[PDB]
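Asks: Next come the chains, spelled out residue by residue.
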Amino acid sequence: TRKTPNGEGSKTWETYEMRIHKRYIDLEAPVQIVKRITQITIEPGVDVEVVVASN
Amino acid sequence: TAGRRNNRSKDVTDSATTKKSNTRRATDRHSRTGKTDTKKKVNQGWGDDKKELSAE
Amino acid sequence: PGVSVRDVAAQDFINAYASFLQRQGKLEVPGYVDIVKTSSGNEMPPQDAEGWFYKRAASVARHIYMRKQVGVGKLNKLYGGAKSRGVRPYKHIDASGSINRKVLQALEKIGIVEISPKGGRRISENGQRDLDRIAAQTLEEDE
Amino acid sequence: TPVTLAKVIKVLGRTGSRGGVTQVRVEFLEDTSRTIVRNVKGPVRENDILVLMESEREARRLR
Amino acid sequence: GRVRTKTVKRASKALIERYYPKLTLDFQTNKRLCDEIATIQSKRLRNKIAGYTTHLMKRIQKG
Amino acid sequence: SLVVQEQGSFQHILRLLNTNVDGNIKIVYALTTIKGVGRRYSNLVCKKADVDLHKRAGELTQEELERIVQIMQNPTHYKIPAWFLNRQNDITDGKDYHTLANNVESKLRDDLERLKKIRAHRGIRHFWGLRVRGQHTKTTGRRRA
Amino acid sequence: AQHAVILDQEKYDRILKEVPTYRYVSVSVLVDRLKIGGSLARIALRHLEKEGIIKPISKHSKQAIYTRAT
Amino acid sequence: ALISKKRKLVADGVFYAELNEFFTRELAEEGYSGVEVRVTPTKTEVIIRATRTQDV
Amino acid sequence: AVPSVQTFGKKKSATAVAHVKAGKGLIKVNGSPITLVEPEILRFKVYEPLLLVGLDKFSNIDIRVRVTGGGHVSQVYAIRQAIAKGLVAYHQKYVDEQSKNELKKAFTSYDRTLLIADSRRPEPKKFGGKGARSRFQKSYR
Amino acid sequence: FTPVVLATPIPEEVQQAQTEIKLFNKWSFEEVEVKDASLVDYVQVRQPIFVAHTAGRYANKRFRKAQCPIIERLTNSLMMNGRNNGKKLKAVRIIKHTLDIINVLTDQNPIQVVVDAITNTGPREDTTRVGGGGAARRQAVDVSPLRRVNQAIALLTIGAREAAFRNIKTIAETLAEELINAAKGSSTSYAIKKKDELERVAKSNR
RNA sequence: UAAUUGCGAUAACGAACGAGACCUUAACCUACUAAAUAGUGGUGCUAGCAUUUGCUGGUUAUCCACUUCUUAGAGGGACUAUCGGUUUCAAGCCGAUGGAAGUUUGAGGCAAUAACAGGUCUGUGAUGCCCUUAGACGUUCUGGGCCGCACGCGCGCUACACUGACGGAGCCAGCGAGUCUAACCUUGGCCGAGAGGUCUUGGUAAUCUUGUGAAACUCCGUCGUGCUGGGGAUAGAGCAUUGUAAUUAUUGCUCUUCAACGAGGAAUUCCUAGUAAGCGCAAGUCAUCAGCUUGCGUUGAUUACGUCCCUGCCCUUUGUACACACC
Ligand SMILES: [Mg+2]
Ligand SMILES: [Mg+2]
Ligand SMILES: [Mg+2]
Ligand SMILES: [Mg+2]
Ligand SMILES: [Mg+2]
Ligand SMILES: [Mg+2]
Ligand SMILES: [Mg+2]
Ligand SMILES: [Mg+2]
Ligand SMILES: [Mg+2]
Ligand SMILES: [Mg+2]
Ligand SMILES: [Mg+2]
Ligand SMILES: [Mg+2]
Ligand SMILES: [Mg+2]
Ligand SMILES: [Mg+2]
Ligand SMILES: [Mg+2]
Ligand SMILES: [Mg+2]
Numbered sequence: 067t068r069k070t071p072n073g074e075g076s077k078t079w080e081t082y083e084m085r086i087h088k089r090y091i092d093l094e095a096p097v098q099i100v101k102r103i104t105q106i107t108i109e110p111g112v113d114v115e116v117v118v119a120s121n
Numbered sequence: 065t066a067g068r069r070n071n072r073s074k075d076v077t078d079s080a081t082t083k084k085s086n087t088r089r090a091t092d093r094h095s096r097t098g099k100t101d102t103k104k105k106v107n108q109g110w111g112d113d114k115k116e117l118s119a120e
Numbered sequence: 002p003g004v005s006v007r008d009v010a011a012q013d014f015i016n017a018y019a020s021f022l023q024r025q026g027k028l029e030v031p032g033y034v035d036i037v038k039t040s041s042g043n044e045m046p047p048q049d050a051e052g053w054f055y056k057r058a059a060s061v062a063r064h065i066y067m068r069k070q071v072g073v074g075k076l077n078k079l080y081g082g083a084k085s086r087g088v089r090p091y092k093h094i095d096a097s098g099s100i101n102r103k104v105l106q107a108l109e110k111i112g113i114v115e116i117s118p119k120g121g122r123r124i125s126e127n128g129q130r131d132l133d134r135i136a137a138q139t140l141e142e143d144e
Numbered sequence: 005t006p007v008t009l010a011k012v013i014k015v016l017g018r019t020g021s022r023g024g025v026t027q028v029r030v031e032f033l034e035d036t037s038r039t040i041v042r043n044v045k046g047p048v049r050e051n052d053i054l055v056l057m058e059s060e061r062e063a064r065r066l067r
Numbered sequence: 002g003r004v005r006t007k008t009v010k011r012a013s014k015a016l017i018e019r020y021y022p023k024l025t026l027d028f029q030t031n032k033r034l035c036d037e038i039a040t041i042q043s044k045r046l047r048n049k050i051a052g053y054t055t056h057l058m059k060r061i062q063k064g
Numbered sequence: 002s003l004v005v006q007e008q009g010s011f012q013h014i015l016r017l018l019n020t021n022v023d024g025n026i027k028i029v030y031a032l033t034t035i036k037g038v039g040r041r042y043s044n045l046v047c048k049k050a051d052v053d054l055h056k057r058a059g060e061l062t063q064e065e066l067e068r069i070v071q072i073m074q075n076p077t078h079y080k081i082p083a084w085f086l087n088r089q090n091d092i093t094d095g096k097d098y099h100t101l102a103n104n105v106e107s108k109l110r111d112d113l114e115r116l117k118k119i120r121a122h123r124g125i126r127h128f129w130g131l132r133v134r135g136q137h138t139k140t141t142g143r144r145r146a
Numbered sequence: 036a037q038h039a040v041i042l043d044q045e046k047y048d049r050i051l052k053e054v055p056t057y058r059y060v061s062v063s064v065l066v067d068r069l070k071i072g073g074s075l076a077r078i079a080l081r082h083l084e085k086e087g088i089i090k091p092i093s094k095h096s097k098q099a100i101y102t103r104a105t
Numbered sequence: 003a004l005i006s007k008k009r010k011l012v013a014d015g016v017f018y019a020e021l022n023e024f025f026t027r028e029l030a031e032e033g034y035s036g037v038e039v040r041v042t043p044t045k046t047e048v049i050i051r052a053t054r055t056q057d058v
Numbered sequence: 003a004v005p006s007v008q009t010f011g012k013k014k015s016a017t018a019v020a021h022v023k024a025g026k027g028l029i030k031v032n033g034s035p036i037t038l039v040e041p042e043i044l045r046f047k048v049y050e051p052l053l054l055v056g057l058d059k060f061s062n063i064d065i066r067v068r069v070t071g072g073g074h075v076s077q078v079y080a081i082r083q084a085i086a087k088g089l090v091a092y093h094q095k096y097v098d099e100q101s102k103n104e105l106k107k108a109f110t111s112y113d114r115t116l117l118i119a120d121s122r123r124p125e126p127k128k129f130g131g132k133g134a135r136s137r138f139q140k141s142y143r
Numbered sequence: 020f021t022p023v024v025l026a027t028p029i030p031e032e033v034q035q036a037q038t039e040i041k042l043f044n045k046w047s048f049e050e051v052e053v054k055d056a057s058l059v060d061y062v063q064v065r066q067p068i069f070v071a072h073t074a075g076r077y078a079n080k081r082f083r084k085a086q087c088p089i090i091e092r093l094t095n096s097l098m099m100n101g102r103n104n105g106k107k108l109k110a111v112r113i114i115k116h117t118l119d120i121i122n123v124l125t126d127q128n129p130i131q132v133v134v135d136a137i138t139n140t141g142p143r144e145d146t147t148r149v150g151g152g153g154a155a156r157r158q159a160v161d162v163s164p165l166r167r168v169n170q171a172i173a174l175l176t177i178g179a180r181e182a183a184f185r186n187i188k189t190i191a192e193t194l195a196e197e198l199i200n201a202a203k204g205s206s207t208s209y210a211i212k213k214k215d216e217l218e219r220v221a222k223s224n225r
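Line by line, the protein sequences are chains V, i, U, d, S, T, a, E, R and G.
For the first sequence, the authors' numbering gives the first residue as 67, with consecutive numbering after it.
For the second sequence, the authors' numbering gives the first residue as 65, with consecutive numbering after it.
For the third sequence, the authors' numbering gives the first residue as 2, with consecutive numbering after it.
For the fourth sequence, the authors' numbering gives the first residue as 5, with consecutive numbering after it.
For the fifth sequence, the authors' numbering gives the first residue as 2, with consecutive numbering after it.
For the sixth sequence, the authors' numbering gives the first residue as 2, with consecutive numbering after it.
For the seventh sequence, the authors' numbering gives the first residue as 36, with consecutive numbering after it.
For the eighth sequence, the authors' numbering gives the first residue as 3, with consecutive numbering after it.
For the ninth sequence, the authors' numbering gives the first residue as 3, with consecutive numbering after it.
For the tenth sequence, the authors' numbering gives the first residue as 20, with consecutive numbering after it.
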């Protein structure tokens, strides 16, 4: 985006970027530990998703 | 008196090729307001350095 | 020794395969050839008059041989050139969907290609058979 | 045409108002021991070879 | 051009100042010394300081 | 291809379709100089006429030549696409035409006069000697007429 | 559209007797002999190569080179 | 749900944008210092960092 | 399982990966032999490794390559590099050091960025011009 | 030359000349000596090459411009004038042709003819613009050996490029046609004219 | 020295903000941690050609092994190193060898004190004050206008062609983007000259579009210097698409029409290496509309490596009756 609100001035642009890191791990586990590992190890602003099975 | 052919045979007013006209640049730094605020009215708002001790 | 079309270089494969389909007469040339421009990106129709469908088909054959599966849309994009928009700047544009698709059918009925799974077209087991043939016959000119 | 071959001895300085000229002292490979400073045109390093189209003359300062 | 800042030269002075023992003319081992002997917030910075401590060291050996 | 000889049979500058045609230039492009025939049109018609494209205009035995006359003013009976022709659907009798030579000059004026006789804006525009295609006229189009 | 576009049997023999002494012969070279426009030139080359009289040392489009028979 | 991870994190950002805003126009009298959002299952936690919490 | 090595070479943004095993000496790139290539104006460029080192030395080894990314010219410089490096990678783990260093001597004496990967790379264009260094036109007034 | 054949074949003319001699497309880098003084150390010719295309960086240092092959330097200066910026493949092809055309005429080495043509069109001395105030005279200065080559090259190329405009004759023809005359100056070529006419003016102030 | 960057001189010594450090991105890892959403080798399954063992493919899981290529976490690396030239043998500078890298490594981001009556009340439910406030300067609906055309100025785009147009064909990138209460990116099969249409399908995405088979470029031909087949302005006629709406023609396609322009006066812009320039792509804008912009990769030169001559701007010295500071 151009820095200025108006049209005056040399044409200065500005490049803002946001950096998204995605990680996925594979696990084979029973009904307990999955449910035990998911409630905790939580973080304020890290997205955690648990997908199920093979399909 | 309509269509290209008419206007083509007409002379082009010389305000076509004119300049920027300026009109009040070199007068910029000179306030036309005639007003000019005053030292008291300044030190009321921003304080005067003579009273700084009683500020600190 | 054994031969694959990969041993034959690019152009001179297709020139020979062209003369092959030509020598044959089993083609299925649509008949709107010579009236068609082969892309919207072109000025003139091809100069070959009677011909050039052989060139494309033979070209089409070799490409699909080279890879897994190819469709019309991929041929449109491949064969497509750079159309001059006139006083406006150039842009790449796709070639004609009909010519290419009709090429795929003209060869399939003739049996150098078969409709593949997942999409597109696959080179027939007898396609490879008669492609490697004339491929090796090219090296017999240089022998 | 009395050809004259000269080997750049040392690189002196940039003369001329534009600065294209570079002062340099040279030596002839025919009868050395006489050194004369000449004015060049392009880029120059030490131990180069200049072709003088006349032997004896020189300039110094350029405007 | 490459000219060490004041903070490099200033650090380097004090370094040779309190450690002449150890501190040879080898940058590599001087570098390794720095991490043990000194606290610098960046890899880059440390090397620039070690390079110059080495450059000063090298010239102390003669005069 | 090959080295041709002939005799005296080749002629330069043969005239047809109320215009003149350079004989020693290739016949595909030779015909183009006629109004209403371009490169494409010439291309299709010559092929249709069972004529060798390698030939020049100075070549082409009279029958071949006159054949080409037919196909051009009668494209539809000779199997030409009908989208390949300049005047199609007409404005009146609805018939698709390929208008040629001196005759195409007229079919411009007819049209222009239609929009003029109707007093349509597009027509009004033309009569004023302006750019009718809805282009910006401020900066462009200075010399002109 | 100035000369050099047509056969002219006298031009044929014109080529035949004039090709010797050519160290360099090409498309542009054939036009410099006050004859042989470009189209007919590139045909002339192939037909001079039909039997002898020229040795292709070159390859392709935009450049043609032939030399006297030996 | 059914969103892109991309559009998510961006739109998530905007969420904190509108959130902090709403509180800043509200709790300024309480000395509101900004916020934080904790994403958990079963709950969404938002914590007010205002200096005077007796009025919040 | 036979003795084999894998290398790569990269020119500009191109990357050429090449497997060197012990063989009867086939030299192939992607699917086609080294005798094709084309660009072909540069054909002798990628032959060059086979030349400096002598047309033998490949008789006990098969060389296959594949090139993705880059461009028409850019790939050609990357393949030859993966070739020459792969030939000298084979004398690293297998043949001899003294022959290996007689190979890098035969290359680098002449070279053209052979075992050495070219470090150049497009500079980011910034605002104020259509190019990286190039600025726009200003007319003053 | 002890021919060697393995799985994927390498052709005869290929196998043979390559390992034997390091020469050009097919032309000998041996022989080909600079026939003038100076101008050596500024004309390359050993170390030999195959084609004129190279990824080397000559631009990072001043005089390493000279270490480049003088044949390549001739090609580089071909690809220019707008539309032809880039297009080394265009030029490098034309060069090989030009050599074939030069070789046809009066034999010898096309690569040596290149050398002769370059050494013969280099200005020995020239005139700059020294202000002196107001109306400015012209000081005669002798051109550096490095610039002397560079200048020759651009001269030849320009002169051929200008002759190759709006005429059936091709670039490789006009380039050769120039190099052929520039080898021993006939004053029939663009470069020989301009070089000498710079030296005529260089002698007209002195 | 790019730098109040330092060295040295020194009534100063030793300091801090700014420059530097720092941050990001592009370079280098057969060394660490790994991967069916990246990929190789081997084997089953499997096709073609050759047969003497071979050569060239298929097979989202038939298995086994691996991390060179891809990917990004953690580390390593450069500090102008080694040696040598030159200089108060001081900071530095230059050359050579080695090196992924030695131009502040290349490129950006950040960026002190201070100044302008610079621009922005037409971004803001940021705002003082003024004006207006029901026949409204609020707001909404209909149509028109911002595109209007004798002319002057500026940024561009396309050309004047044979280092070319054109027709076949070889065929090679990178930065992006993509649809939930939904119609976004679109493969594939048909229909159509094309534009496009139709039935379906993958994709909330390293998984599908997409290897974005992009363009310039390379090759084989047709054309032959003739405004020619260079060039495509202008215009007629028909078909499509976006959108409630296309007339003053949104764009797209086909035919025909076939302008000016044969290298451009005085002037003036931009640039020193993967740079210039040539080329196309993606993103913003976007229902439709790029000749624009912001990034990207492709091909890849000529010329400097200097000077203060022009211009511009800093720095002292000096004058001052200016200090609202030469408006
Ligand atoms: Mg293409
Ligand atoms: Mg094509
Ligand atoms: Mg016409
Ligand atoms: Mg790795
Ligand atoms: Mg080195
Ligand atoms: Mg103002
Ligand atoms: Mg505002
Ligand atoms: Mg407007
Ligand atoms: Mg083409
Ligand atoms: Mg139809
Ligand atoms: Mg014309
Ligand atoms: Mg055209
Ligand atoms: Mg010009
Ligand atoms: Mg867009
Ligand atoms: Mg805009
Ligand atoms: Mg004073």
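Keep in mind the hints are simulated off the structure, nothing from the lab.
Keep in mind that a hint or two might mislead.
[Unchecked claim] Pairs of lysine to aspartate or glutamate, DMTMM-like flavour, derived with a Cα cap of 25 Å:
id	chain 1	residue 1	chain 2	residue 2
1	V	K101	E	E20
2	G	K45	U	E144
3	R	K127	V	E94
4	T	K96	T	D53
5	d	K14	d	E62
6	V	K69	E	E20
7	d	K14	G	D60
8	T	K49	U	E141
9	a	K85	U	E141
10	T	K96	a	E45
11	R	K132	V	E94
12	R	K26	U	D49
13	a	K90	G	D60
Asks: Give a verdict on every hint.
Replies: Checked hints:
1. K101(V) / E20(E): 33 Å, violated
2. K45(G) / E144(U): Satisfied, since the Cα-Cα distance of roughly 24 Å is no more than 25 Å.
3. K127(R) / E94(V): Given pair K127(R), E94(V) is violated - Cα atoms ~49 Å apart, limit 25 Å.
4. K96(T) / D53(T): 32 Å, violated
5. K14(d) / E62(d): Given that 25 Å is the threshold and the Cα spacing comes to 16 Å, the pair holds.
6. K69(V) / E20(E): 22 Å, holds
7. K14(d) / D60(G): Between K14(d) and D60(G) the Cα gap is close to 18 Å, so the pair holds against 25 Å.
8. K49(T) / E141(U): 39 Å, violated
9. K85(a) / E141(U): 23 Å, holds
10. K96(T) / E45(a): Cα-Cα ~53 Å, so violated.
11. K132(R) / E94(V): With a Cα-Cα distance of about 54 Å, the restraint between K132(R) and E94(V) is violated, given a limit of 25 Å.
12. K26(R) / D49(U): 44 Å, violated
13. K90(a) / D60(G): 39 Å, violated
Violated hints for the displayed structure, listed by number in ascending order: 1, 3, 4, 8, 10, 11, 12, 13.
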